[PDB]
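Removed: one protein chain of the complex. Kept in place: all other protein chains.
Labels run A, B, C, D, E, F and G following the written order; every chain starts at residue 1.
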Amino acid sequence: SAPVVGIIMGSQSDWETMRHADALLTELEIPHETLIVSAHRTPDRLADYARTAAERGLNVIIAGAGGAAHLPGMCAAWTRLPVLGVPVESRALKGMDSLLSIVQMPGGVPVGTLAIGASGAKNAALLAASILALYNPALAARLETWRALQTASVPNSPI
Amino acid sequence: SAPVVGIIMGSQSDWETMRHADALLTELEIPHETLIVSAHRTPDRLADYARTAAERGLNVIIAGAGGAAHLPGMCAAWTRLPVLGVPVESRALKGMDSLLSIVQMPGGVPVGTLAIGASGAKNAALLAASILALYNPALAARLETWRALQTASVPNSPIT
Amino acid sequence: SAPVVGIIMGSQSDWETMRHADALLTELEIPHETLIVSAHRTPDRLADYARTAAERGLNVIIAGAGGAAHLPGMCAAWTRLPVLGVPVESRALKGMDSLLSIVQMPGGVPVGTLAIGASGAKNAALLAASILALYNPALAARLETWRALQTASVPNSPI
Amino acid sequence: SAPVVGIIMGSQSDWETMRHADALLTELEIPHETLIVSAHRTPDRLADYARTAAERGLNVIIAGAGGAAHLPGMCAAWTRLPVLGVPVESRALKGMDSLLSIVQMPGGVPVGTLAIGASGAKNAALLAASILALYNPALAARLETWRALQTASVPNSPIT
Amino acid sequence: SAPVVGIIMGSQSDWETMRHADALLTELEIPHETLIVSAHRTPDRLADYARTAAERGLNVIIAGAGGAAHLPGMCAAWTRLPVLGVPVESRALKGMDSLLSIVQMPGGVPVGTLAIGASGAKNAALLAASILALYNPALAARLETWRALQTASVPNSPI
Amino acid sequence: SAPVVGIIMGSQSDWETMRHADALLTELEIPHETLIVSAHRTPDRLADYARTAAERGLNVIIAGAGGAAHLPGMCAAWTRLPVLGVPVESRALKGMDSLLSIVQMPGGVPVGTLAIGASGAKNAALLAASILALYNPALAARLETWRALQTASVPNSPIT
Amino acid sequence: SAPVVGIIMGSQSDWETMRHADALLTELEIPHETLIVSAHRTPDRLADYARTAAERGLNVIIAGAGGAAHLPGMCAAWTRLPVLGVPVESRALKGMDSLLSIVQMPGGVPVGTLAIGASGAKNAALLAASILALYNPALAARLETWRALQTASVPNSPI
Partner (left out) sequence: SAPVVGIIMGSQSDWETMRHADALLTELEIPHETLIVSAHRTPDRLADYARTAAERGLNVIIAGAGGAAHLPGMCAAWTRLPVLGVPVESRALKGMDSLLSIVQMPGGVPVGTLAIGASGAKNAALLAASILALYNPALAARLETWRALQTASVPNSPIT
């Protein structure tokens, strides 16, 4: 019941994208929390969230932001937990700024980065699941079923 | 000493970059294997490697490649384990082709991507360590110690 | 009657683009098959398709995918047949990711890459035709007519 | 020994890259010619070359150029044969201008484009070989042998 | 009455852009012709057009094309006349491919390149005018008036 | 001699670039401090530095970093003072990652960004000087003199 | 009452973007002027504006332009005052041309550059405010309140 994954996003505007991570976790029955945490507008809220994440029982953090997307990196700066970053597609640069701001982390503080947009949000949740599955047999089985269904469902020819 | 992390790379030329992931895993005392698997030259070798990773005891796979880097993505397609991708810097496009070829995975098959080059390889190892640390108290302490040392080792001013 | 060209695409979403390759082949009366094969979601389906392509009588394979577009490259990894890649325009990066993921193949396993989008799909079919025309006199004549009509039809001034 | 593949390049400076296509065709015993044809400096030479390629017995044309690389595209405009383009790495833009100038052909006139640089030149030759192999059993066996050797030659682990 | 400027474009689809060059020339009363000439679909039409341009009395050629935009460069390859290139905005790459295909001409055969899109088409006509004005006093005066009106008309504050 | 400008950088490797900002401030006689603060390795050090800048007497902060450059942005998040960012050139992406990571701040938290590399560091110092000059007549005269000298020092023709 | 900040933009078309800088300054009660000044269409208007800015009592200049956005740089060339540049999102290149034309100023003449688009316009006004706050206690207090409200207002979770 207690969340094992924390989904944080820099703004309400990122929800359209991050909701895909939320849906996936719920689908796999992975207890999680979904919050808005701005690296620039609420820096202390972020520091506190990242510092206490482990203590609170969180295993993985999924962070999404657009533009100069510093949320994932700064969260990883304060936590030893694995942090997965989702580049939100920005208006002008289409997430290229989001992508480079997240993936190009110097050695020492990692952020496992996923694709720009909804696909990345969905994959961040799937990656968090594959991580949790390493020590949760029941979830490991549900994830196997999910992957098997994805594979089996692909049509053989276009409509 | 059975391996729990597998480091794979498209070619010997990728080793200059991937050796950083290897060194870091060893530093944190994380048993691992290091191999060369070409997605394009040895596709069946990759299929078998990725497909049997979980049963062989691996928990995380770190895959590095450059240019049209398909190794990480195709590895993830065959394993249910988390796959971390390292974009190896390419000659002409400086790893931008490597980066986009790895990170832009469509929904359903994730690849946790790290920075282009050495930093990405080192961070892939650290990311793998933070994953393993979730269920290994001894490793968790070693990683915490490693992180705390990195922080304490930063100088307060530059050598002018 | 048996297909000599195989058109494969990573998803139904690629059909809007790949249908242009299908239309062109039908126009030139080139027997072909059109399938959905995902490099990531159906990896074994792809391995089997590429391995047996030659045995089945296929001469050329046209593969289209977007984003981290690995379909063309991985298909070429398993077949000795010429593989032509069509970069599908992605939402965020407009096919730049699709393009680099396909064209930047290291030495040893080639993929003849065409333009991003519909133009590339149409040209992949025309390129496959020009290849088949080398050993099919009737098709060679139909292709010559097609090229001649394209040239002759261009207006002399804009409307 | 009549040529069945024609390798053309915009200038002597392109040879460093295109020699890889030449070497590979010779390796697979594919008769070919190698020339310099400038789309901008010798437009009529290009027109005549491309226009008469088929009647001269050529089956495939490999064209390489850098910067605003129009050689492949203009060659394709004058021949009905398949034209393969090799983006030669440029000084400032590292072949990105070469790549986009070649691959972005509008509908109606195709250019099968390969990677920027040496890899693209080698792959253009291999692509040409896979095309010729469709109607040449002897070459088909040589290519199959070449591909099988590439696969078998990949090492299982890196030299650390 | 005889055209002194030739506006050529690779396709009817480029007209939306090149019409701005046409309008500007008409505005300055510069006799010109507007044609469709495809470098790839009508290569011989282009060779002939460029070869005979000077003989026909043309002074400047404005050429527009998108994607692998080879029209300007190949036209300049056959004529000694100044050739101005207009990168047409492409669907996927927004004219970046058009721009690089035109501006990156190696030494020896120049193409004076203008901005991507309508602005470039308008400026190609203005540049052609500034060239013609060097030997046409009446046009030089009309161009001076045009520039003076542009400058004088800029509002002092936004509405 | 109390500092009114603070120059901070992510690492010693940034000094090669940031020394230009330091040199220019000293040239214009602007008291300042120069430190290394890592946004990722010493996040709490950064928080404290940025948070206390105003009370410590600083008027402007110049922050430089490369790659995923978060130092300037996070500094601005904790201080109400104007923060100027210098994109340090990165190995693979040549500072493009540095540039976009710094300049693309969302509405609400500004970072006045300068050019990639040495020019940006020098201009950050000059921008800081033009800010301080608004309420420091002596500095205003020194800056005016500096600008007038730059203008007068430009040669009329090149050495051929 | 006399303006202490000058907002200039290359065209009426930039107003949709620059109005955000205007709104912010008015919100913080910072006396300012808002004008249209084209670096290319009204070069002398710009030279005069920049030359006399300081004499007129202006403290900071916010300049916005798109495409080959030279307005900020050329304004800084004529004034000792701090000049802040706002890259306006261009149609084709989405402000990447605007951004590079503004931020890449060689050493000697700076332009503090903000993000592409509305965010940058809003931040240019906030940056100008943080500069003015250094010598205006009342404004410093209003800016502190503004920042505090921004931070306090961020929701804890998405809707």
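Just so it is clear, a residue touches a chain if its C-beta (ideal position, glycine included) is under 8 Å from a C-beta of that chain, and two chains touch if they have at least 3 such contacts.
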item: Which residue of D:67, D:73, D:85 or D:108 touches the chain not shown here; value: D:67
item: Touch criterion as defined above, residue of F:6, F:72 or F:117 at the omitted chain; value: F:117
item: Hidden-chain contact residue, picked from the options D:4, D:5 or D:9; value: D:9
item: Contact partner of the left-out chain, one of G:96, G:118, G:127 or G:133; value: G:96
item: Residues in chain G touching the chain absent from view; value: 10-11, 39-41, 43-44, 47, 66-68, 70, 73-74, 76-78, 90, 93, 96-97, 100-106, 108-109
item: Chain F, residues in touch with the chain not shown (by the definition above); value: 89, 94-96, 115-117, 119, 150-151, 154-160
item: Where the unshown chain meets chain E, residue by residue; value: 20, 59, 80-82, 84, 99, 103-116, 118-119, 122-124, 126-127, 130-131, 133-135, 140, 143-144, 147, 150
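In this section, only the chains that are shown with their structure count from here on.
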item: Residues of chain F engaged with two or more neighbouring chains; value: 11, 41, 67-68, 93, 103-106, 108-109, 111
